[PDB]
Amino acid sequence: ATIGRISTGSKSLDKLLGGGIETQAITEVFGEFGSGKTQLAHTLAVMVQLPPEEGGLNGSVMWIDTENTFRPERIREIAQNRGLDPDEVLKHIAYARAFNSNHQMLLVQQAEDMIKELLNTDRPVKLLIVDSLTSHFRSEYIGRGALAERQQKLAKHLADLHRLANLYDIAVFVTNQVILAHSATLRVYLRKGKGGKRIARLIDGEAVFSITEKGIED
């Protein structure tokens, strides 16, 4: 099946990404606290719901939150300022809080049930967000021997996410607060710049954007 692309809201970032974040891929954004990772996640959760000629995929969203950082009113605000009904946009986000890393892993397997349900409807799941991908793994697997164990568990979790992305034509978008190996298909380093701007660079030019009432934009 052909790849879909979800606009981020920023023409600059979209160009860096070749048009937007891809389905059948895991895109990891990483950066320090406050770099804008969760703002980008909120924006994508609205953009994906737009029709294709506006940069979306007419899609639904599943969101796995590990830090209690999802904000329904931020969704509603971004939606309204982009001409969308805030409550309809929020309705199409299936939200779950992951209590620990083992629950996080089960929630990904659980997500396949809803993905299958919606697959041949007019708003199939097109975006799966895990924010934060790594926070529970970092707190639980620590100390001598933890590097190998944590990386194996993460690799299995990312394998499950790759399978959902590839089997069901979904964009998986994950955040990571930052010598370790990584398994995402594309890694984007995000940082704060001057003038309140955020700067994005692909890892292994740079896009510049602002956080606004529309989510992000140039």
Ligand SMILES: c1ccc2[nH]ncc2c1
Given for the second form:
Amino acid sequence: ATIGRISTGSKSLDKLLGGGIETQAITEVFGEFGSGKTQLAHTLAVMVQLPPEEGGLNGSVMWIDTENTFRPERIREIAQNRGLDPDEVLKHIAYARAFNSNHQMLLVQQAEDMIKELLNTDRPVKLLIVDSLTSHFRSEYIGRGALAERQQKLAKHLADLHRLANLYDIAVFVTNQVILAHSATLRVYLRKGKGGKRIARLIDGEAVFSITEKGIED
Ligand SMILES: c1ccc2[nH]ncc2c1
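To complete the pair, please output the form solved in complex with the ligand; the form deposited without the ligand was given just before.
Once more the chain from above appears, this time first in line as the rest of the complex follows.
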């Protein structure tokens, strides 16, 4: 199947990405606390629901939250300010809190059931968010011997996410608060800049955007 692209809300960031975030791929954003990773996730969860000529995929969303940072009212605000019904947009986000890394891994396997259910509806799942991908792994696997064990478990988790992305034509979007190896398709470094701006760079030009009542924008 042909790749789809989801606008981030920022023309600058969209250009950096080659046209938006891709289905059949895992895009990882990483950066320090406060760099805007979760705001970008909230914005994408709205943008994907737009029709294709407006930068979306007529898609639904699955969101796995490891830090209790999902904010339904932020979704509703972004949606309303972009002309979408806030309650319809929120209804199309399936939401789950992951309690630990083993639960997080099960939830990805569990997500396949809803993906299959919605696959031939008018709003199939097109975006799967894991925010944060790494927080539970970092807290649980620590000390001598943990590097190999943590990386091996993360590799399996990412393999599961790659399979869902590739098999069901979904964009997987993951966040990472930051010499270790990484298995995401594309890695985007986010940081704070001057004037409240955020700056994004591809890892392995730079886009600049603001966090606004519309989520993110130029
Ligand atoms: C991941 C994210 C959201 C979800 N809702 N139901 C199952 C599930 C898995």
